[PDB]
Amino acid sequence: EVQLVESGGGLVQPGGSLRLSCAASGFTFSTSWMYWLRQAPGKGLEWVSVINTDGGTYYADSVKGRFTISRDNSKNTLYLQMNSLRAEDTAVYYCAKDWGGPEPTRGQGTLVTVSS
Amino acid sequence: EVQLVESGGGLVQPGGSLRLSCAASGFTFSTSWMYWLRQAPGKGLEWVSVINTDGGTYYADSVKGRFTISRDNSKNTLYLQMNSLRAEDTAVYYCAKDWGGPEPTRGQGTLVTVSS
Amino acid sequence: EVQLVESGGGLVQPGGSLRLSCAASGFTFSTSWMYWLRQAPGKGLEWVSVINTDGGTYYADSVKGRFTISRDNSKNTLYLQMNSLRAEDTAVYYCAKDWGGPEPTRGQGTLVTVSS
Amino acid sequence: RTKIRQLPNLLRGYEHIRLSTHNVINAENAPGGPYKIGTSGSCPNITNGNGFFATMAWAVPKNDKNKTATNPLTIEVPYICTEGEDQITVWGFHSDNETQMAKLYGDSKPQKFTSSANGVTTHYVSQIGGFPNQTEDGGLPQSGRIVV
Amino acid sequence: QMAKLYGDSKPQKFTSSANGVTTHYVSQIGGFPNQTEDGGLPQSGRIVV
Amino acid sequence: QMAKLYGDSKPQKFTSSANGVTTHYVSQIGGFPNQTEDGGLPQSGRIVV
Amino acid sequence: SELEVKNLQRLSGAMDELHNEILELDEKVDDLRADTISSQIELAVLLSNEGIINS
Ligand SMILES: *[C@@H]1O[C@H](CO)[C@@H](O[C@@H]2O[C@H](CO)[C@@H](O)[C@H](O)[C@H]2NC(C)=O)[C@H](O)[C@H]1NC(C)=O
Ligand SMILES: *[C@@H]1O[C@H](CO)[C@@H](O[C@@H]2O[C@H](CO)[C@@H](O)[C@H](O)[C@H]2NC(C)=O)[C@H](O)[C@H]1NC(C)=O
Ligand SMILES: *[C@@H]1O[C@H](CO)[C@@H](O[C@@H]2O[C@H](CO)[C@@H](O)[C@H](O)[C@H]2NC(C)=O)[C@H](O)[C@H]1NC(C)=O
Ligand SMILES: *[C@@H]1O[C@H](CO)[C@@H](O[C@@H]2O[C@H](CO)[C@@H](O)[C@H](O)[C@H]2NC(C)=O)[C@H](O)[C@H]1NC(C)=O
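Chains as they are written, first to last, in the entry's author numbering: chain C, 1 to 116; chain C', 1 to 116; chain C'', 1 to 116; chain A, 101 to 163, 163A to 163C, 164 to 245; chain A', 197 to 245; chain A'', 197 to 245; chain B, 403 to 457. A prime marks a further copy of an entry chain.
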């Protein structure tokens, strides 16, 4: 089976920073597209950042210049560096593999709450 | 060349029984569809029964419950068991290989005459 | 590179004869279509004779019965035998390989001038 | 790349229009399978789970043993509407880059497709990689594309 | 039957072209629909015309 | 000539597609009809347009 | 005021891009029809005016 185990979330003040990590197993990491998703309470899922197999990256507009996605293939890890956090960033964040067809999978999530 | 040699026909009373056999050679029997045909005098050829390569069988309506086709692949033989014969069954009966395209072939026939 | 070097031209009287030759190199001669072209002064190029890879030949109408094309594959040579020459045959003559697409090539030419 | 855009305009030309409640064929057990049924994060359904177009089933080889190139296979698509009605059948094909193709389908060469109904035939050859930018879609990045 | 008849059992492809009108077909191997409108004799094969 | 020019002498296949209109062609190897309506120079090959 | 004349709509089956040649002919049928009906209606008015003036 595929396993995706996120951690690194926490409660932090606005303007602060966090680093999320995602431990992957049970599939061929280096040939997968990798995603960060988030779910703000009251809302559905939205994509935040993705990285393809050559290290090229894409971001949602609202996180540009704030969040950075990266991958460490040798250690089967996905990272999300989150700088200059906003209250509106409060959400559960999920790592994901191959979220577009056929067999998308999501991890268990790590909560990030930004509050003064 | 292909050879098909039928025998077992005869003169028999109505309500009686016959068993036709067909000795085949010169081709790959177990991959052929096999047929019995008959020609009543004054008429053209009509099909009576056929057997495919997995032993599944088909019959003309008028012989259902009366005639049974079977094959013995190991001995290159086709059989037609003819029970409860009728006067209207009087005809020359022919064994045939692959009667539908491309190279259909017919045997020499064996006469069955049913009369009181 | 391909090289085509023609010779055998000259100044000759009408009714006379010449033999052109074409030395080929740098390609696979025996799989090429081979051509003779000519350019009369004041005009553009026109084809005179061609030979395919099985030795079949084609000629422009005006040279029929007068000019003969031949090939010697073993010696990478194309010939044009020119009998019963006419003043109107005055031109520079060119040997050519694969004149129709993709990589047509022409030799350097040899001048034939027919005059009384 | 197809006539697909005109579909809703064709439909509106009819007085009565409905989507069948039955599946015209069984995807899982279709020829060249068995197949698992692909779903996507681009198409969130009502409870936000990964879904796909109701008109189609994304057929992905279930078993590695049968995960290989195939010669063209033919299925009949039956008429399941009620007498008098026209049936409009929607179908298509997914494609991707060379490496994703190998991983998904066990083959990274171009694939070929034909349809035929009432004497009308159409032919398509797929494209491997080098796709145009995403447009008119769920706004989520994908390496692959579908043709419908 | 394909192997025996033609020496090949993969699907076969066909095209026609006349006056700018082109058509394309790919054949089917086995699994044919029931016989209809025909000579009433069983066959393993089918034609397309 | 095919082998020499393109490195392949089997028939080649082509498709076009624009505004929902699709066309399909399969090429022919050798055995071509006589030249017509052309530059009047012998060629072993032919084009389709 | 009570003349009944049928109206003109699109073909239901003819699609843009696919059937442009048919759509051109459709437009042509409409154009000629409008002209014919206009002439037909014009004569009706001219005939009405004739009858009114004669009365
Ligand atoms: C939306 O997608 C989700 C996830 O694919 C569906 O939830 C699954 O529904 C199937 C029934 O088809 C169950 O077998 C699974 O156990 C469900 N899994 C989860 C995680 O919920 C959901 O039914 C879909 N909804 C619609 C309307 O299509
Ligand atoms: C598809 O989108 C990409 C970006 O998402 C476009 O690539 C950019 O094009 C602009 C020109 O307007 C350049 O200034 C950027 O440097 C390009 N970025 C990259 C990463 O290539 C691309 O042009 C779009 N496709 C088309 C056909 O316009
Ligand atoms: C094609 O014909 C066969 C029989 O010749 C049909 O198969 C039978 O279908 C009936 C249902 O009406 C069953 O009761 C029988 O048990 C079936 N027999 C066999 C041997 O399968 C078949 O349904 C026909 N095809 C179609 C599409 O109706
Ligand atoms: C194509 O042209 C060739 C000659 O250039 C034709 O072949 C000749 O046909 C005539 C019949 O009118 C014969 O008398 C000649 O012997 C043929 N010559 C050769 C070399 O074959 C050929 O018939 C033309 N093609 C067609 C379809 O007419």
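Think of the hints as simulated: they come from the structure by calculation, not from any bench.
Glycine included, every Cβ here is placed at the ideal spot set by N, Cα and C.
Please note that the accuracy of each hint is not assured.
[What the hints assert, rightly or not] Sample of chain A'' residues with no beta-carbon within 10 Å of chain A', all distances over it, derived: (1) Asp204; (2) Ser205; (3) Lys206; (4) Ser213; (5) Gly216; (6) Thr219; (7) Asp234; (8) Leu237; (9) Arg242.
[What the hints assert, rightly or not] Chain A is nowhere near these chain A' residues, computed Cβ spacing over 10 Å in every case: (10) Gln197; (11) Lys200; (12) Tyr202; (13) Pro207; (14) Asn215; (15) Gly227; (16) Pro229; (17) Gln239; (18) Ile243.
[Claimed, not checked] Computed spacing ranges between beta-carbons, pair by pair: (19) A/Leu119 x A'/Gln208: 51 to 59 Å; (20) A/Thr211 x C'/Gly44: 39 to 47 Å; (21) A/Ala130 x A''/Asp234: 29 to 37 Å.
Against the structure, the hints come out as follows:
no.: 1; hint: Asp204; verdict: holds, 18 Å
no.: 2; hint: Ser205; verdict: holds, 18 Å
no.: 3; hint: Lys206; verdict: holds, 13 Å
no.: 4; hint: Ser213; verdict: holds, 13 Å
no.: 5; hint: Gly216; verdict: holds, 15 Å
no.: 6; hint: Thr219; verdict: violated, 6 Å
no.: 7; hint: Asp234; verdict: holds, 20 Å
no.: 8; hint: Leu237; verdict: holds, 27 Å
no.: 9; hint: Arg242; verdict: holds, 14 Å
no.: 10; hint: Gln197; verdict: holds, 16 Å
no.: 11; hint: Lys200; verdict: holds, 18 Å
no.: 12; hint: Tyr202; verdict: holds, 14 Å
no.: 13; hint: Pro207; verdict: violated, 5 Å
no.: 14; hint: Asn215; verdict: holds, 17 Å
no.: 15; hint: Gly227; verdict: violated, 8 Å
no.: 16; hint: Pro229; verdict: violated, 7 Å
no.: 17; hint: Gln239; verdict: holds, 18 Å
no.: 18; hint: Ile243; verdict: holds, 15 Å
no.: 19; hint: A/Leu119 x A'/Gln208: 51 to 59 Å; verdict: violated, 36 Å
no.: 20; hint: A/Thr211 x C'/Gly44: 39 to 47 Å; verdict: holds, 41 Å
no.: 21; hint: A/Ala130 x A''/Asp234: 29 to 37 Å; verdict: violated, 50 Å
Comparing the model with each numbered hint stated earlier shows that hints 6, 13, 15, 16, 19, 21 do not hold.
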